[PDB]
Structures are given as structure tokens and as C-alpha cells.
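Just one chain follows, in the form solved without the named molecule, and it is written as C-alpha cells.
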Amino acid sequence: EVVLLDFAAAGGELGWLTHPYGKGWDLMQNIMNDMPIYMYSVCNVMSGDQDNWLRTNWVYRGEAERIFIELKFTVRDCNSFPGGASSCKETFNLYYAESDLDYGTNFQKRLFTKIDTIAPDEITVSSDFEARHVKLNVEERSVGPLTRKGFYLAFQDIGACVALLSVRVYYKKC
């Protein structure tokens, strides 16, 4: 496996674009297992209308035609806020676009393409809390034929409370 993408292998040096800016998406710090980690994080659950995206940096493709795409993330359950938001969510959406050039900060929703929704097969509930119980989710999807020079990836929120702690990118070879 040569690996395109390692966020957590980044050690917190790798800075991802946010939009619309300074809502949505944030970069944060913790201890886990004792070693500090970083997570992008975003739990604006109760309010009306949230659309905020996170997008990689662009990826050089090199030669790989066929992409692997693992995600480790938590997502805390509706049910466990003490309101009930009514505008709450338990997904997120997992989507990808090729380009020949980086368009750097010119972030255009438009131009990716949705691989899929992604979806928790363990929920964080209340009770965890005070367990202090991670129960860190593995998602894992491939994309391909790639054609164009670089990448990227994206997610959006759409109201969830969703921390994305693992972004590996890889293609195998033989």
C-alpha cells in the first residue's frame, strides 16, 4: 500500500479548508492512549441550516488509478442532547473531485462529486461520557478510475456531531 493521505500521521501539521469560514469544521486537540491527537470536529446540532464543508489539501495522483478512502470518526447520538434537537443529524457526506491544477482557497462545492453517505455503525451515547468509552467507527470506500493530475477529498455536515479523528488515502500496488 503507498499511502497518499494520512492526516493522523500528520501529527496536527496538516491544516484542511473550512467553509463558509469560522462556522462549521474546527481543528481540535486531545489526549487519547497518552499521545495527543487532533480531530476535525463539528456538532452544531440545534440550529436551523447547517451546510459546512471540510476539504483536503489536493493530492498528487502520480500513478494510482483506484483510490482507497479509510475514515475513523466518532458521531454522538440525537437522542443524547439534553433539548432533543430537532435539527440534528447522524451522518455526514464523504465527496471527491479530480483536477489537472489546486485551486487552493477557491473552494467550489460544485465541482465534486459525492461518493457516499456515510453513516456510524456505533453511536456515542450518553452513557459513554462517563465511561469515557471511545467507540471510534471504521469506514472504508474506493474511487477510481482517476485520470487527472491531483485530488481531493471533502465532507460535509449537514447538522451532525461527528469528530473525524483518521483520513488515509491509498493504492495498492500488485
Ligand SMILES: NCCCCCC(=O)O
Given for the second form:
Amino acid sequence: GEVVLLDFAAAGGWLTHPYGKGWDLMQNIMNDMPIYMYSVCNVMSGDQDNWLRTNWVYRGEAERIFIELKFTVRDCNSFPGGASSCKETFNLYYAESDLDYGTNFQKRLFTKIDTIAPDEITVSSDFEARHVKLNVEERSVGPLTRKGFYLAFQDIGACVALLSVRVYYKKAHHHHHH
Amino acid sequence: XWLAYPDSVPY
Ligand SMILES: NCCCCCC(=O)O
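Previous: the form solved without the named molecule; requested now: the form deposited with the named molecule bound:
Up next: the whole complex, starting with the chain shown before.
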């Protein structure tokens, strides 16, 4: 009995920082329904610190939230000269908040959950053949007590496409909802 | 740039 709090791939313009750089909302329209994703791939510069933040998510009655990510990561050997500037992980954070801060973003309020690493990187020959390796990772966070929360994703120089962000809680039939 | 996902364009 799961209750869904956020489902990016079911929805079809999240905050990004710094302005004008980094994560970008993308689509693949090779089939009748579009596939959306947040992508970043600034693998050559070596000084990247790109943040993607969900909108405010109502927590409902969840004490613990479960977070499922689906994503691709390109092999850093795809990028000639990227040995030291390219990474193959990204970082996952959260913040709790009673208030929807809107366009205001303060990194200092966020707590790291984990490094997110791919079980499978997508090598160049597979990318060009349109064969990507979709990874799935799950984490959970709590106890939570504020009205809502945010997730954020920090890129430090990897080539990542984030296709799915699902957040749910369990046993919502033991709670009274407002 | 490089693209993270094949055949993807900004939305
Ligand atoms: N780019 C800043 C590094 C992470 C700060 C977030 C934090 O732990 O509060």
C-alpha cells in the first residue's frame, strides 16, 4: 500500500543553480509519448557544482520517505581529455521545510543522503547505438516532521540523465490525512 | 556540448 508524494516521469521546470548553467530539462521524442529528463554533462571544465532542486513536496503523514531514482551515466572514457575533470557519480540531498521557498535556494539548508553511483555506465559504442543502461537506486530518509521537503541533486562534473524521481511512503492507511 | 542521453533536445 504505497502512497506517492512525487513522480517526475508521470508528470510531463525545477530550480537549477547556478542560473543559466548545468542541469537542463530535456526530452527524447523518438516515440509517441515523450521521455523527459534532467541532464547535465559539463565533463571537461573540472570545477562544476550544479544543483537541481525539486519543487516543494508535501510530506503528508509520512514519517519515512522512500526515494527511487532512475538514471544513466556516460562512461568518462567517452570524453577525450576528461580523465581528471569527468566524474561518474552525483550526490543526493534533502531539506525539510514548512514553507515553500519558491525561487529561493539556500544550499546550506540541505543534508546529504548519499553518493549515487551507477551499477552500469553507458559506454560510447552503446550510446551511439542508442543502447543506454538505465540504473535504479533507492534510498530513504526520516524521521520527517515538517509540512514538506525538497530533494536536490548535485553534479560535480558527470554526464547524467535523471529520468525518474519517485517518492512514496508506506502504510498510509494507519494515518489520518489533511 | 556533449549530450547525456541519445536523441535528446531541450524542452
Ligand atoms: N556546493 C556546496 C556543498 C554542499 C552544501 C550543502 C550542505 O551540506 O549543507
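Residue numbers count along the first chain shown, from 1. Note that the rigid core is defined as the largest set of C-alphas that superpose within 1.5 Å between two forms.
- Rigid core superposed between these two forms, residues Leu71, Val75, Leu94, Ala85 considered: the one with a C-alpha shift of 2 Å or more is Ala85.
- In this overlay on the rigid core, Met28 has a C-alpha that sits less than 2 Å away from its partner position between these two forms.
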